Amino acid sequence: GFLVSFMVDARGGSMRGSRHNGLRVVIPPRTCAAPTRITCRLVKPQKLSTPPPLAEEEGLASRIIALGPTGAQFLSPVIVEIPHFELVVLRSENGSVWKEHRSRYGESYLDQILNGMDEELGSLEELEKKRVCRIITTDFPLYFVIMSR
(Lines of atoms letter the chains of each structure in order from A and count residues from 1; the text may use other names and numbers.)
(Lines give C-alpha, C1' and ligand atoms only; values in the text may rest on other atoms or scores of the structure.)
(Ligands and ions follow the chains in the order given, each with its own letter.)
Protein backbone atom coordinates (compact mmCIF):
# COMPACT_ATOMS: atom_id res chain seq x y z
CA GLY A 1 0.00 0.00 0.00
CA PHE A 2 2.38 2.68 1.21
CA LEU A 3 4.76 4.53 -1.14
CA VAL A 4 6.27 6.50 1.78
CA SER A 5 6.54 5.37 5.45
CA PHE A 6 9.11 6.69 7.93
CA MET A 7 9.55 7.89 11.50
CA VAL A 8 10.33 11.56 12.01
CA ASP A 9 10.78 13.77 15.07
CA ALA A 10 11.75 17.38 15.84
CA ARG A 11 15.05 16.91 13.97
CA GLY A 12 13.07 16.56 10.70
CA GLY A 13 13.42 13.98 7.93
CA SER A 14 12.29 13.02 4.44
CA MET A 15 11.63 10.08 2.19
CA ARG A 16 11.28 9.59 -1.55
CA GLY A 17 8.51 7.23 -2.65
CA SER A 18 9.53 3.69 -3.61
CA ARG A 19 8.68 4.14 -7.32
CA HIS A 20 11.41 6.78 -7.36
CA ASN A 21 9.66 9.09 -9.84
CA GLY A 22 9.06 12.39 -8.00
CA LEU A 23 6.86 11.55 -5.03
CA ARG A 24 8.55 12.81 -1.91
CA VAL A 25 7.74 13.95 1.61
CA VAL A 26 9.91 16.53 3.36
CA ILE A 27 9.23 17.23 7.06
CA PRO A 28 11.59 20.08 8.04
CA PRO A 29 13.23 20.43 11.47
CA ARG A 30 10.89 21.57 14.28
CA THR A 31 7.66 21.10 12.26
CA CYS A 32 7.00 17.92 14.13
CA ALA A 33 7.11 18.17 17.96
CA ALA A 34 6.73 14.49 18.89
CA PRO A 35 7.76 11.26 17.10
CA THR A 36 5.37 10.46 14.25
CA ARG A 37 5.18 7.86 11.50
CA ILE A 38 4.71 9.81 8.25
CA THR A 39 3.04 7.88 5.40
CA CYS A 40 1.76 8.36 1.85
CA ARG A 41 -0.36 6.06 -0.33
CA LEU A 42 -2.06 6.76 -3.69
CA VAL A 43 -5.75 5.91 -4.25
CA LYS A 44 -7.74 5.33 -7.46
CA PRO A 45 -10.58 7.94 -7.70
CA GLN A 46 -13.17 5.12 -7.92
CA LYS A 47 -12.14 3.74 -4.49
CA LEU A 48 -13.68 7.02 -3.17
CA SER A 49 -17.30 7.49 -2.06
CA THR A 50 -17.26 11.17 -3.13
CA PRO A 51 -14.76 11.73 -5.94
CA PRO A 52 -13.64 15.24 -6.92
CA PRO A 53 -16.54 16.81 -8.84
CA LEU A 54 -15.12 18.24 -12.07
CA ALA A 55 -16.49 20.88 -14.42
CA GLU A 56 -16.51 20.13 -18.15
CA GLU A 57 -13.04 21.58 -18.73
CA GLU A 58 -11.50 20.11 -15.54
CA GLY A 59 -9.70 16.76 -15.22
CA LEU A 60 -7.61 14.90 -12.65
CA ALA A 61 -3.87 15.44 -13.14
CA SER A 62 -2.78 12.97 -10.43
CA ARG A 63 -3.97 10.05 -8.42
CA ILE A 64 -5.55 10.80 -5.04
CA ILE A 65 -2.90 11.31 -2.38
CA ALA A 66 -3.57 10.04 1.18
CA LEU A 67 -1.01 11.43 3.65
CA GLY A 68 -0.74 9.93 7.15
CA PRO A 69 -1.46 10.48 9.92
CA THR A 70 -4.75 11.90 8.58
CA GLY A 71 -5.33 15.25 10.30
CA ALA A 72 -1.75 15.78 11.49
CA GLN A 73 -1.11 19.42 12.35
CA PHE A 74 2.50 20.64 12.00
CA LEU A 75 4.04 23.60 13.85
CA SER A 76 5.31 25.01 10.56
CA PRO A 77 4.78 23.95 6.91
CA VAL A 78 5.92 20.64 5.45
CA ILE A 79 6.55 19.93 1.73
CA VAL A 80 5.01 17.17 -0.38
CA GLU A 81 6.05 16.71 -4.01
CA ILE A 82 3.65 14.73 -6.21
CA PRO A 83 4.06 13.57 -9.81
CA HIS A 84 1.31 14.56 -12.23
CA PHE A 85 0.37 13.05 -15.60
CA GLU A 86 -3.16 25.02 -15.40
CA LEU A 87 -2.68 22.75 -12.37
CA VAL A 88 -4.52 23.28 -9.05
CA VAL A 89 -4.28 21.37 -5.78
CA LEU A 90 -7.58 20.23 -4.32
CA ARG A 91 -7.98 18.83 -0.83
CA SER A 92 -10.73 17.09 1.09
CA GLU A 93 -10.54 17.21 4.89
CA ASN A 94 -12.71 14.14 5.59
CA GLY A 95 -13.66 12.88 2.10
CA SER A 96 -17.04 14.62 1.70
CA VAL A 97 -16.13 18.08 0.31
CA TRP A 98 -13.38 19.14 -2.09
CA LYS A 99 -11.84 22.61 -2.12
CA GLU A 100 -8.79 24.41 -3.46
CA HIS A 101 -5.65 24.14 -1.37
CA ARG A 102 -3.74 27.39 -1.22
CA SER A 103 -0.45 27.63 0.67
CA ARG A 104 -0.62 30.88 2.65
CA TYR A 105 3.20 30.86 2.82
CA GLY A 106 3.95 29.67 -0.70
CA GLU A 107 7.10 29.27 -2.74
CA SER A 108 8.81 32.56 -1.80
CA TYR A 109 9.42 31.36 1.79
CA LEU A 110 10.81 27.95 0.88
CA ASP A 111 14.19 28.47 2.56
CA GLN A 112 12.52 29.63 5.79
CA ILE A 113 10.20 26.62 5.69
CA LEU A 114 13.17 24.24 5.30
CA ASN A 115 14.65 25.63 8.52
CA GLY A 116 18.29 24.74 7.80
CA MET A 117 17.43 21.24 6.53
CA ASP A 118 20.11 19.54 4.41
CA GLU A 119 17.68 18.94 1.55
CA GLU A 120 17.76 20.13 -2.05
CA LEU A 121 14.47 21.39 -3.46
CA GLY A 122 14.48 22.16 -7.18
CA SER A 123 12.95 25.25 -8.75
CA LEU A 124 9.40 25.45 -10.12
CA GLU A 125 10.69 25.26 -13.72
CA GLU A 126 12.73 22.19 -12.74
CA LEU A 127 9.52 20.69 -11.28
CA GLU A 128 7.57 21.63 -14.43
CA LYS A 129 10.13 19.75 -16.53
CA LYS A 130 9.89 16.64 -14.32
CA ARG A 131 6.07 16.98 -14.22
CA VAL A 132 6.06 17.32 -10.42
CA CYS A 133 3.85 19.53 -8.23
CA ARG A 134 4.95 20.85 -4.84
CA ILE A 135 2.34 21.09 -2.13
CA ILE A 136 3.29 23.26 0.89
CA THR A 137 0.94 22.48 3.83
CA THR A 138 0.81 22.82 7.67
CA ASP A 139 -1.65 19.90 7.92
CA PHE A 140 -2.60 16.59 6.33
CA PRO A 141 -6.18 16.33 5.02
CA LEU A 142 -7.69 12.93 4.21
CA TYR A 143 -6.89 13.63 0.50
CA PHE A 144 -5.00 15.79 -1.94
CA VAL A 145 -5.34 15.50 -5.73
CA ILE A 146 -3.97 17.58 -8.64
CA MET A 147 -6.58 18.95 -11.00
CA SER A 148 -6.15 20.49 -14.46
CA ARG A 149 -8.33 23.36 -15.78
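Residues that one form lacks are left out of the comparison. Numbering follows the first chain given and starts at 1. Here the rigid core means the biggest group of C-alpha atoms that line up within 1.5 Å when the two forms are laid on top of each other. First, how it differs from the form solved in complex with its partner chain.
- Moving regions between the two forms, defined as 3+ consecutive residues each with a CA shift of at least 2 Å after core superposition, come down to one: 1 to 4.
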Given for the second form:
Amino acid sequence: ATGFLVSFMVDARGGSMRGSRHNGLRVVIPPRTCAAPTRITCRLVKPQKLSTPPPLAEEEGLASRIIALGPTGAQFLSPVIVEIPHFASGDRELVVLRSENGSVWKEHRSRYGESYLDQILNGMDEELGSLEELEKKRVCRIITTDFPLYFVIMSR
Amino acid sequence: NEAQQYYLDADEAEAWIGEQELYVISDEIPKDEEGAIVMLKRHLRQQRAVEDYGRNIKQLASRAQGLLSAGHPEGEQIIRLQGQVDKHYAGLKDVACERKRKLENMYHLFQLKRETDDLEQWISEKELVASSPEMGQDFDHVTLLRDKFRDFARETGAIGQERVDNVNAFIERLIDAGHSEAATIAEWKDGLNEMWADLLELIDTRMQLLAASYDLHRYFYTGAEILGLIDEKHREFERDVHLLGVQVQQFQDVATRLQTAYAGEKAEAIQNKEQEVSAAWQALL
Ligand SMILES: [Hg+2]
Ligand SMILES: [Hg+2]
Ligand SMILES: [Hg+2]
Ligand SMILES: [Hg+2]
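The form solved without its partner chain done, now the form solved in complex with its partner chain:
Zooming out: every chain and molecule, the one shown earlier first.
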Protein backbone atom coordinates (compact mmCIF):
# COMPACT_ATOMS: atom_id res chain seq x y z
CA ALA A 1 0.00 0.00 0.00
CA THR A 2 1.34 3.53 -0.76
CA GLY A 3 0.63 6.54 1.51
CA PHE A 4 -1.42 9.57 0.68
CA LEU A 5 -1.95 12.87 2.49
CA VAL A 6 -5.44 13.61 1.08
CA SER A 7 -5.49 12.54 -2.55
CA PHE A 8 -4.52 9.83 -5.10
CA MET A 9 -5.06 8.59 -8.59
CA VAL A 10 -6.89 5.24 -9.16
CA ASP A 11 -8.13 3.51 -12.29
CA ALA A 12 -9.52 0.09 -13.26
CA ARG A 13 -6.50 -1.73 -11.90
CA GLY A 14 -7.58 -0.56 -8.46
CA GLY A 15 -5.19 0.01 -5.57
CA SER A 16 -4.81 -0.14 -1.79
CA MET A 17 -4.04 3.16 0.02
CA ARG A 18 -3.25 4.15 3.68
CA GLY A 19 -2.76 7.68 4.91
CA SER A 20 0.93 8.55 5.43
CA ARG A 21 -0.14 10.69 8.33
CA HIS A 22 -2.56 8.14 9.73
CA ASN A 23 -1.71 4.56 9.02
CA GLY A 24 -5.10 3.20 10.09
CA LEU A 25 -7.05 5.12 7.51
CA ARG A 26 -7.31 2.93 4.52
CA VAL A 27 -8.94 2.87 1.12
CA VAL A 28 -9.11 -0.24 -1.05
CA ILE A 29 -10.45 0.15 -4.52
CA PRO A 30 -10.52 -3.37 -6.02
CA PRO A 31 -9.70 -4.19 -9.67
CA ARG A 32 -12.47 -3.52 -12.18
CA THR A 33 -14.51 -1.54 -9.59
CA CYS A 34 -13.47 1.93 -10.78
CA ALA A 35 -14.54 2.64 -14.37
CA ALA A 36 -11.97 5.32 -15.19
CA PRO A 37 -8.89 7.16 -13.98
CA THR A 38 -10.32 9.13 -11.14
CA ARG A 39 -8.88 11.38 -8.52
CA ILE A 40 -9.88 10.29 -5.11
CA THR A 41 -9.75 12.72 -2.21
CA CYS A 42 -10.21 11.89 1.43
CA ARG A 43 -10.19 14.50 4.18
CA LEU A 44 -10.76 14.41 7.88
CA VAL A 45 -12.76 17.52 8.70
CA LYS A 46 -13.43 18.79 12.22
CA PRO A 47 -17.18 18.69 13.04
CA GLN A 48 -17.37 22.45 13.85
CA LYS A 49 -16.39 23.39 10.25
CA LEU A 50 -19.74 21.96 9.17
CA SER A 51 -22.66 24.34 9.10
CA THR A 52 -25.01 21.44 9.99
CA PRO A 53 -23.14 18.70 11.86
CA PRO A 54 -24.66 15.39 12.90
CA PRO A 55 -27.66 15.86 15.23
CA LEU A 56 -26.97 13.95 18.43
CA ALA A 57 -29.18 12.91 21.30
CA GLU A 58 -28.22 12.97 24.95
CA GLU A 59 -25.95 9.92 25.30
CA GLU A 60 -24.50 10.08 21.81
CA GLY A 61 -21.05 11.23 20.70
CA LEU A 62 -18.89 11.43 17.59
CA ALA A 63 -16.17 8.85 17.57
CA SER A 64 -14.18 10.16 14.61
CA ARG A 65 -13.73 13.22 12.52
CA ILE A 66 -16.02 13.80 9.60
CA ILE A 67 -14.73 11.91 6.60
CA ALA A 68 -15.15 13.54 3.23
CA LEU A 69 -14.42 11.25 0.35
CA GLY A 70 -14.53 12.45 -3.17
CA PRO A 71 -15.40 13.15 -5.74
CA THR A 72 -18.69 13.64 -3.94
CA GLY A 73 -21.27 11.27 -5.46
CA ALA A 74 -18.85 8.89 -7.20
CA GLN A 75 -20.33 5.54 -8.19
CA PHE A 76 -18.24 2.37 -8.35
CA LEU A 77 -19.32 -0.72 -10.33
CA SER A 78 -18.81 -2.85 -7.20
CA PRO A 79 -18.21 -2.06 -3.49
CA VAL A 80 -15.11 -0.27 -2.26
CA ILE A 81 -13.68 -0.59 1.24
CA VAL A 82 -12.74 2.23 3.60
CA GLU A 83 -11.32 1.78 7.06
CA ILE A 84 -11.59 4.63 9.56
CA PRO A 85 -9.95 4.73 13.00
CA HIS A 86 -12.18 5.86 15.88
CA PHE A 87 -11.93 6.91 19.54
CA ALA A 88 -12.34 4.47 22.41
CA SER A 89 -15.93 4.90 23.57
CA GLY A 90 -24.27 4.82 26.98
CA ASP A 91 -24.93 1.85 24.70
CA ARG A 92 -21.40 0.70 23.83
CA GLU A 93 -22.49 0.84 20.15
CA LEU A 94 -20.87 2.26 17.03
CA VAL A 95 -22.80 3.21 13.96
CA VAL A 96 -21.77 4.77 10.71
CA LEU A 97 -23.62 7.84 9.59
CA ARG A 98 -23.62 9.45 6.17
CA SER A 99 -24.97 12.68 4.75
CA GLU A 100 -25.41 12.91 0.95
CA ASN A 101 -25.31 16.69 0.49
CA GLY A 102 -24.35 17.69 4.01
CA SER A 103 -27.74 18.69 5.46
CA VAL A 104 -29.33 15.33 6.33
CA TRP A 105 -27.68 12.46 8.25
CA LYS A 106 -28.79 8.81 7.98
CA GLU A 107 -27.23 5.50 9.12
CA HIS A 108 -25.19 3.70 6.49
CA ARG A 109 -26.15 0.31 5.20
CA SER A 110 -24.64 -1.94 2.52
CA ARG A 111 -26.08 -5.00 0.75
CA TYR A 112 -22.78 -6.88 1.47
CA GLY A 113 -20.97 -7.01 4.83
CA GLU A 114 -18.37 -9.31 6.45
CA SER A 115 -18.65 -12.53 4.34
CA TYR A 116 -18.69 -10.84 0.90
CA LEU A 117 -15.17 -9.43 1.45
CA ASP A 118 -13.40 -12.21 -0.55
CA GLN A 119 -15.77 -11.64 -3.46
CA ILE A 120 -15.50 -7.86 -2.97
CA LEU A 121 -11.71 -8.01 -3.25
CA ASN A 122 -12.02 -9.45 -6.79
CA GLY A 123 -8.85 -11.57 -6.47
CA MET A 124 -6.55 -8.67 -5.45
CA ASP A 125 -4.41 -9.70 -2.46
CA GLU A 126 -4.84 -7.68 0.70
CA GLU A 127 -4.99 -8.86 4.31
CA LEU A 128 -8.03 -7.33 5.93
CA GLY A 129 -7.97 -7.81 9.71
CA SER A 130 -10.11 -10.03 11.94
CA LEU A 131 -13.34 -8.22 12.82
CA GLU A 132 -12.08 -8.70 16.43
CA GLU A 133 -8.61 -7.38 15.53
CA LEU A 134 -10.32 -4.25 14.24
CA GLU A 135 -12.17 -3.98 17.56
CA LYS A 136 -8.84 -4.13 19.43
CA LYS A 137 -7.25 -1.49 17.19
CA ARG A 138 -10.46 0.68 17.43
CA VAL A 139 -11.08 0.82 13.64
CA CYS A 140 -14.35 0.62 11.70
CA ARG A 141 -14.75 -0.96 8.30
CA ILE A 142 -17.16 0.71 5.89
CA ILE A 143 -18.27 -1.10 2.76
CA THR A 144 -19.87 1.33 0.29
CA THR A 145 -20.37 1.46 -3.47
CA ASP A 146 -20.55 5.28 -3.68
CA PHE A 147 -19.16 8.39 -1.87
CA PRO A 148 -21.56 10.48 0.17
CA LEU A 149 -20.33 14.04 0.93
CA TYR A 150 -19.51 13.00 4.55
CA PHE A 151 -19.28 9.84 6.66
CA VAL A 152 -18.79 9.75 10.39
CA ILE A 153 -18.46 7.30 13.28
CA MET A 154 -20.76 7.95 16.25
CA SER A 155 -21.53 6.25 19.56
CA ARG A 156 -25.16 5.52 20.66
CA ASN B 1 25.21 73.96 51.17
CA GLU B 2 26.50 71.50 48.58
CA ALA B 3 24.69 69.11 50.91
CA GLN B 4 21.30 70.96 50.94
CA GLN B 5 21.50 71.01 47.14
CA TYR B 6 22.26 67.30 46.93
CA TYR B 7 19.02 66.63 48.91
CA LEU B 8 16.82 68.87 46.79
CA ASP B 9 18.25 67.16 43.71
CA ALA B 10 17.81 63.65 45.10
CA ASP B 11 14.13 64.32 46.00
CA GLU B 12 13.69 65.64 42.48
CA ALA B 13 15.00 62.51 40.78
CA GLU B 14 13.04 60.22 43.14
CA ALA B 15 9.89 62.16 42.29
CA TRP B 16 10.78 61.87 38.61
CA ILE B 17 11.31 58.11 38.73
CA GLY B 18 8.09 57.72 40.78
CA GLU B 19 6.07 59.48 38.19
CA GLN B 20 7.54 57.51 35.23
CA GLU B 21 7.06 54.16 36.90
CA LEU B 22 3.48 54.60 38.09
CA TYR B 23 1.91 57.21 35.75
CA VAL B 24 3.84 57.72 32.50
CA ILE B 25 4.45 54.00 31.72
CA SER B 26 1.25 52.05 31.08
CA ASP B 27 -0.27 48.60 31.59
CA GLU B 28 -2.58 48.64 28.63
CA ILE B 29 -2.85 45.57 26.50
CA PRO B 30 -3.14 46.23 22.79
CA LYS B 31 -6.45 45.14 21.15
CA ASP B 32 -5.10 44.46 17.62
CA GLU B 33 -1.89 44.73 15.54
CA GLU B 34 -2.57 48.41 14.94
CA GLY B 35 -3.03 49.15 18.67
CA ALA B 36 0.20 47.33 19.46
CA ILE B 37 2.10 49.43 16.88
CA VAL B 38 0.83 52.54 18.50
CA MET B 39 1.71 51.37 22.00
CA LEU B 40 5.12 50.14 21.12
CA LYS B 41 6.03 53.46 19.43
CA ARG B 42 4.84 55.38 22.49
CA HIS B 43 6.67 53.09 24.85
CA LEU B 44 9.97 53.37 22.97
CA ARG B 45 9.90 57.22 23.24
CA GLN B 46 9.15 56.80 26.94
CA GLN B 47 11.94 54.28 27.37
CA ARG B 48 14.30 56.66 25.50
CA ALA B 49 13.40 59.30 28.09
CA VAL B 50 14.13 56.97 30.97
CA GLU B 51 17.49 56.10 29.35
CA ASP B 52 18.46 59.80 29.07
CA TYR B 53 17.68 60.47 32.70
CA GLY B 54 20.57 58.12 33.35
CA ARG B 55 22.78 61.20 32.95
CA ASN B 56 21.20 62.89 36.00
CA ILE B 57 21.51 59.77 38.07
CA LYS B 58 25.22 59.44 37.32
CA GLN B 59 25.82 63.18 38.02
CA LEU B 60 24.08 62.72 41.36
CA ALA B 61 26.24 59.68 42.13
CA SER B 62 29.40 61.51 41.24
CA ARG B 63 28.33 64.47 43.43
CA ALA B 64 27.50 62.20 46.36
CA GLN B 65 30.81 60.39 46.06
CA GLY B 66 32.53 63.84 46.06
CA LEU B 67 30.69 64.77 49.23
CA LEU B 68 31.56 61.49 51.02
CA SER B 69 35.24 61.56 49.90
CA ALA B 70 35.38 65.25 51.06
CA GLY B 71 34.70 64.07 54.65
CA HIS B 72 31.27 65.84 54.88
CA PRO B 73 29.56 64.96 58.19
CA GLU B 74 26.52 63.58 56.36
CA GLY B 75 28.58 61.25 54.03
CA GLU B 76 26.84 58.23 55.56
CA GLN B 77 23.37 59.82 54.98
CA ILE B 78 24.26 61.00 51.43
CA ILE B 79 25.65 57.66 50.20
CA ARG B 80 22.59 55.86 51.58
CA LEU B 81 20.29 58.31 49.68
CA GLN B 82 22.22 57.72 46.47
CA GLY B 83 21.92 53.94 47.13
CA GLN B 84 18.18 54.56 46.99
CA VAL B 85 18.14 56.69 43.88
CA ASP B 86 20.20 54.06 42.06
CA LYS B 87 17.99 51.26 43.21
CA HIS B 88 14.77 52.99 42.22
CA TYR B 89 16.20 54.01 38.91
CA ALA B 90 17.27 50.42 38.09
CA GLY B 91 13.75 49.36 39.09
CA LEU B 92 12.22 51.76 36.62
CA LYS B 93 14.64 50.37 33.97
CA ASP B 94 13.34 46.84 34.72
CA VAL B 95 9.71 47.88 34.50
CA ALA B 96 10.39 49.48 31.12
CA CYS B 97 12.20 46.46 29.64
CA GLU B 98 9.60 44.05 30.81
CA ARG B 99 6.83 46.12 29.23
CA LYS B 100 8.82 46.41 26.02
CA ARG B 101 9.36 42.64 25.96
CA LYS B 102 5.60 42.22 26.43
CA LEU B 103 4.59 44.68 23.68
CA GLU B 104 7.04 43.26 21.24
CA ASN B 105 5.52 39.82 21.87
CA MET B 106 1.99 41.01 21.57
CA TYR B 107 2.81 42.78 18.39
CA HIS B 108 4.66 39.85 16.81
CA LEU B 109 2.08 37.44 17.65
CA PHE B 110 -0.52 39.71 15.98
CA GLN B 111 1.60 40.25 12.87
CA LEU B 112 2.29 36.54 12.53
CA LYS B 113 -1.36 35.56 13.05
CA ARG B 114 -2.39 37.92 10.23
CA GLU B 115 0.29 36.60 7.94
CA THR B 116 -0.65 33.02 8.68
CA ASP B 117 -4.40 33.44 8.41
CA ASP B 118 -3.96 35.12 4.99
CA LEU B 119 -1.57 32.52 3.66
CA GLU B 120 -3.88 29.75 4.84
CA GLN B 121 -6.95 31.44 3.31
CA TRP B 122 -4.93 31.69 0.09
CA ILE B 123 -4.09 28.00 0.15
CA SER B 124 -7.84 27.25 0.60
CA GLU B 125 -8.68 29.28 -2.50
CA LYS B 126 -6.06 27.44 -4.52
CA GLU B 127 -7.44 24.04 -3.35
CA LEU B 128 -10.82 25.04 -4.74
CA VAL B 129 -9.20 25.54 -8.12
CA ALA B 130 -7.51 22.16 -7.90
CA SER B 131 -10.86 20.54 -7.02
CA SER B 132 -12.51 21.44 -10.39
CA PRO B 133 -14.29 18.35 -11.70
CA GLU B 134 -14.08 19.74 -15.25
CA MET B 135 -12.74 17.12 -17.73
CA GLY B 136 -13.28 18.87 -21.02
CA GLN B 137 -16.09 18.74 -23.55
CA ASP B 138 -13.61 17.85 -26.39
CA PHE B 139 -9.92 17.43 -27.34
CA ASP B 140 -9.31 21.17 -28.18
CA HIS B 141 -10.78 21.96 -24.77
CA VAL B 142 -8.88 19.45 -22.64
CA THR B 143 -5.68 20.55 -24.42
CA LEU B 144 -6.43 24.03 -23.11
CA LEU B 145 -7.65 22.91 -19.65
CA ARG B 146 -4.52 20.84 -19.16
CA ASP B 147 -2.30 23.68 -20.39
CA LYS B 148 -3.98 26.26 -18.15
CA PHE B 149 -3.64 24.01 -15.20
CA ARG B 150 0.07 23.39 -15.81
CA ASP B 151 0.45 27.22 -15.75
CA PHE B 152 -1.66 27.43 -12.60
CA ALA B 153 0.35 24.67 -10.89
CA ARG B 154 3.73 26.33 -11.56
CA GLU B 155 2.80 29.88 -10.43
CA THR B 156 0.77 28.56 -7.47
CA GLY B 157 3.87 26.51 -6.59
CA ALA B 158 6.46 29.26 -7.09
CA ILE B 159 4.52 31.99 -5.20
CA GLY B 160 3.26 29.60 -2.51
CA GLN B 161 6.66 28.21 -1.67
CA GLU B 162 8.12 31.72 -1.23
CA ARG B 163 5.22 32.75 1.02
CA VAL B 164 5.51 29.57 3.15
CA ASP B 165 9.29 30.09 3.47
CA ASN B 166 8.90 33.65 4.75
CA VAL B 167 6.32 32.67 7.36
CA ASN B 168 8.51 29.74 8.38
CA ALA B 169 11.52 32.11 8.76
CA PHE B 170 9.47 34.65 10.66
CA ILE B 171 8.34 31.87 12.97
CA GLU B 172 11.87 30.68 13.58
CA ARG B 173 13.11 34.26 14.29
CA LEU B 174 10.41 34.44 16.97
CA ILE B 175 11.08 31.08 18.57
CA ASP B 176 14.86 31.46 18.39
CA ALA B 177 14.67 34.98 19.85
CA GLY B 178 12.68 33.44 22.75
CA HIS B 179 8.97 34.20 22.84
CA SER B 180 6.42 33.42 25.56
CA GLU B 181 4.09 31.73 23.02
CA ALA B 182 6.56 29.50 21.12
CA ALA B 183 4.50 26.34 21.70
CA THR B 184 1.47 27.91 20.07
CA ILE B 185 3.51 29.43 17.28
CA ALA B 186 5.11 26.00 16.46
CA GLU B 187 1.59 24.52 16.41
CA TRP B 188 0.62 27.17 13.79
CA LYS B 189 3.74 26.36 11.75
CA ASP B 190 2.82 22.66 11.67
CA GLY B 191 -0.75 23.43 10.53
CA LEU B 192 0.56 25.78 7.85
CA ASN B 193 3.19 23.32 6.51
CA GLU B 194 0.64 20.46 6.41
CA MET B 195 -1.87 22.59 4.50
CA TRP B 196 0.88 23.44 2.01
CA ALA B 197 1.96 19.80 1.54
CA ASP B 198 -1.70 18.78 1.06
CA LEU B 199 -2.17 21.51 -1.51
CA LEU B 200 0.86 20.45 -3.50
CA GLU B 201 -0.48 16.89 -3.69
CA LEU B 202 -3.98 18.12 -4.58
CA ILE B 203 -2.44 20.09 -7.43
CA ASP B 204 -0.45 17.11 -8.48
CA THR B 205 -3.40 14.75 -8.61
CA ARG B 206 -5.42 17.24 -10.61
CA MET B 207 -2.59 17.22 -13.13
CA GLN B 208 -2.62 13.41 -13.37
CA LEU B 209 -6.44 13.59 -13.65
CA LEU B 210 -6.24 16.01 -16.60
CA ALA B 211 -3.47 14.06 -18.27
CA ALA B 212 -5.70 10.96 -18.27
CA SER B 213 -8.62 12.95 -19.69
CA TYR B 214 -6.14 14.23 -22.24
CA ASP B 215 -5.25 10.67 -23.42
CA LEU B 216 -8.86 9.57 -23.64
CA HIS B 217 -9.68 12.55 -25.84
CA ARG B 218 -6.34 12.21 -27.75
CA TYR B 219 -7.29 8.65 -28.52
CA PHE B 220 -10.78 9.35 -29.86
CA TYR B 221 -9.34 12.25 -31.79
CA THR B 222 -6.64 10.01 -33.31
CA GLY B 223 -9.07 7.18 -34.21
CA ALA B 224 -11.37 9.49 -36.18
CA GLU B 225 -8.32 11.01 -37.95
CA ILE B 226 -7.09 7.53 -38.84
CA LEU B 227 -10.55 6.44 -40.10
CA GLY B 228 -10.54 9.47 -42.39
CA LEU B 229 -7.03 8.69 -43.74
CA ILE B 230 -7.96 5.04 -44.34
CA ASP B 231 -11.08 6.23 -46.15
CA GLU B 232 -9.03 8.66 -48.36
CA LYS B 233 -6.77 5.74 -49.39
CA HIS B 234 -9.76 3.44 -50.16
CA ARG B 235 -11.53 6.08 -52.24
CA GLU B 236 -8.13 6.53 -53.98
CA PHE B 237 0.99 4.38 -52.84
CA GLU B 238 2.50 1.19 -51.33
CA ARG B 239 4.71 3.38 -49.10
CA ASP B 240 1.67 5.48 -48.01
CA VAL B 241 -0.29 2.35 -47.06
CA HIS B 242 2.67 0.88 -45.15
CA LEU B 243 3.14 4.08 -43.10
CA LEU B 244 -0.60 4.00 -42.35
CA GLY B 245 -0.33 0.36 -41.20
CA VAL B 246 2.38 1.32 -38.73
CA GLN B 247 0.05 4.04 -37.28
CA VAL B 248 -2.68 1.44 -37.02
CA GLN B 249 -0.40 -0.98 -35.18
CA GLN B 250 0.47 2.01 -32.89
CA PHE B 251 -3.16 2.98 -32.32
CA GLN B 252 -4.02 -0.65 -31.46
CA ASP B 253 -1.36 -0.63 -28.73
CA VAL B 254 -2.76 2.58 -27.27
CA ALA B 255 -6.24 0.99 -27.26
CA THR B 256 -4.90 -1.97 -25.24
CA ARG B 257 -3.12 0.26 -22.68
CA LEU B 258 -6.30 2.32 -22.20
CA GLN B 259 -8.68 -0.63 -21.78
CA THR B 260 -6.57 -1.44 -18.72
CA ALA B 261 -7.67 1.87 -17.11
CA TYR B 262 -11.35 1.88 -18.04
CA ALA B 263 -14.26 -0.53 -17.40
CA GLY B 264 -17.99 -0.76 -18.21
CA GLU B 265 -19.30 1.64 -20.85
CA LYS B 266 -16.12 3.65 -21.56
CA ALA B 267 -13.95 0.52 -21.89
CA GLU B 268 -16.50 -0.65 -24.45
CA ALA B 269 -16.23 2.55 -26.46
CA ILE B 270 -12.42 2.26 -26.50
CA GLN B 271 -12.46 -1.37 -27.67
CA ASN B 272 -15.17 -0.55 -30.22
CA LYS B 273 -13.17 2.27 -31.82
CA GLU B 274 -10.17 -0.11 -32.06
CA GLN B 275 -12.32 -2.76 -33.78
CA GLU B 276 -13.75 -0.14 -36.12
CA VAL B 277 -10.22 1.04 -37.05
CA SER B 278 -8.85 -2.48 -37.72
CA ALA B 279 -11.98 -3.33 -39.72
CA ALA B 280 -11.52 -0.29 -42.02
CA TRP B 281 -7.79 -1.11 -42.30
CA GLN B 282 -8.48 -4.78 -43.32
CA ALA B 283 -11.01 -3.60 -45.92
CA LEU B 284 -8.19 -1.51 -47.44
CA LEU B 285 -5.80 -4.50 -47.41
HG1 LIG C 1 -14.04 5.59 -9.70
HG1 LIG D 1 -7.99 10.68 4.68
HG1 LIG E 1 -17.46 -0.23 13.88
HG1 LIG F 1 14.93 49.35 30.03
